[PDB]
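We begin with a single chain expressed as structure tokens, specifically the form deposited in one PDB entry.
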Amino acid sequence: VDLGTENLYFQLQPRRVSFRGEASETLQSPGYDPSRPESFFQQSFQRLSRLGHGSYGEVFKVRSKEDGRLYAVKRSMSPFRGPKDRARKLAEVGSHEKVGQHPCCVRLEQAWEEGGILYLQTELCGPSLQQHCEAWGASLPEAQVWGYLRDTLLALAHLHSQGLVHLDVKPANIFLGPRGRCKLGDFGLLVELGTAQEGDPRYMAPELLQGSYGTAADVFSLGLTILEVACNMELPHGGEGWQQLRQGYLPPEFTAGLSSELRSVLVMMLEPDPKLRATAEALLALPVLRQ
């Protein structure tokens, strides 16, 4: 109703977080007894390794005591600051669910809050596309690039058909599947056009400087994502180089080795004018991007 004015503006029992509807907020698991002081997360999972960390919190590789299967769990660092912070963190679950089952989107298994900490349990993926390129140590071969471009386009087509904008497409937010596949993840910044925060400046669509939000923004971000991985090219967060990449410039020092076909597709994705920029649907229809 109105975030920032709540009665009791100022929970040691876990509560399921869902905007889908199931009615059962109560969590249970083998290995979990709510009368013991450890959290649901502590009692219900074997934490195997830390996959990542930052200001947001941490991600663990875990084995579920429920099914013996491997998952990734992301947890927030600190208790919610208050109801706006809580509403903003929970909105990730709403967005993640709103996305849905799509094979090119990271699948959310369940989410819960406890002690003001938010936990999201997803499928365990492979490394991020950024981590993949770091391990590769060079430009990805185009055969790999075509598969990751297709997969991430399928993911964007799925979001965009539903009026959803990811707003933070980049190698760090794309995760390897088996067999040269990948999945779009990190729906924390996703917005629903015409309803109710900024992506990585290196990948940001030029029209966002004027607050012009649209699905086209994601196509531009994926353009620079693919340019980066295909050319092993570090993207500037600002200055002349940042501007040039938003004026149709492809640096010849990095891009001379691109196939005409991959170059042509990147030019359509990097079109500065969001009204002229190709849609994900339009790109997936091109014979060069089928099967």
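Residue numbers count along the first chain shown, from 1. For clarity, a rigid core is taken as the largest C-alpha set superposing within 1.5 Å between two forms. Compared with the form deposited in another entry:
Core-superposed comparison between these two forms: among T26, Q243, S259, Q46, the single residue whose C-alpha moves by 2 Å or more is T26.
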The other form holds:
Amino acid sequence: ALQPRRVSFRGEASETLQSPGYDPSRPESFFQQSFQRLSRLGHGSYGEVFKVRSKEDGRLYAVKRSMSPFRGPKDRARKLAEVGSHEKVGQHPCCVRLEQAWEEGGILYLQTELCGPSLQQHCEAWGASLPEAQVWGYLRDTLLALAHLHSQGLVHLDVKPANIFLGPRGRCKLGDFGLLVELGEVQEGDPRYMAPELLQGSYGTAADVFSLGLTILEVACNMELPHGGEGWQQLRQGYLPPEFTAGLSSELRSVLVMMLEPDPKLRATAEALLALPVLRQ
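Now the other one: the form deposited in another entry, given that the block above is the form deposited in one PDB entry.
If you are looking for partners or other molecules, they are not here, because only the chain is given.
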């Protein structure tokens, strides 16, 4: 019968192909044999994400698998690129850790640490504007991740609440590196969080800082970001939406204006922001 194949990457927790509980004679997949499923964390075009307990160590992980088998070599390399992107990011407390990746029957599996609810789910639960206290914590933690990615010439290109996951004691970790590219390949991002210079084909680390600014503006004001049209242009002229920017502290607005600077040459970097007095330790 079919058998899994480890998708090799520097920094994996186990260079062994399988766990002792896996019997290659059974018709069940390595996923079904080496993991007790628990619940579905999310689904979509990207596949499905399950909360699992390993039938090997009983530890809690999150496993993502692709929906359909590989369409071809380009489709396979596109899906496998997310594993390589995790390998380039490496280990950082503010980045979702990749444990191991493999493929079986054309399906790609990625086993990561189990994180908390996404920043999107957390806002849906509270159903209102997140208090500014929590907003600074998530902003600092995400800037820490971006500063780590950008220091290696990596640009995430998909910073949004659905890709930020809550950690213990109010922390969070940047995630979903399926669109990350290394400067020196690029896929369609979300237009709601798209930096304005990406339409001009200017890809750089500054694009992530803009996406995080809209991410903060979305969670702190409980507003829906437009996909296009006039509302999309207004969030990219340098100023803030006066309607929703009310109730925000002047300290937060000034940081937002810096991140939302239209010209990427003049836009602050992740390290520049983390050195501001409002983002102390």
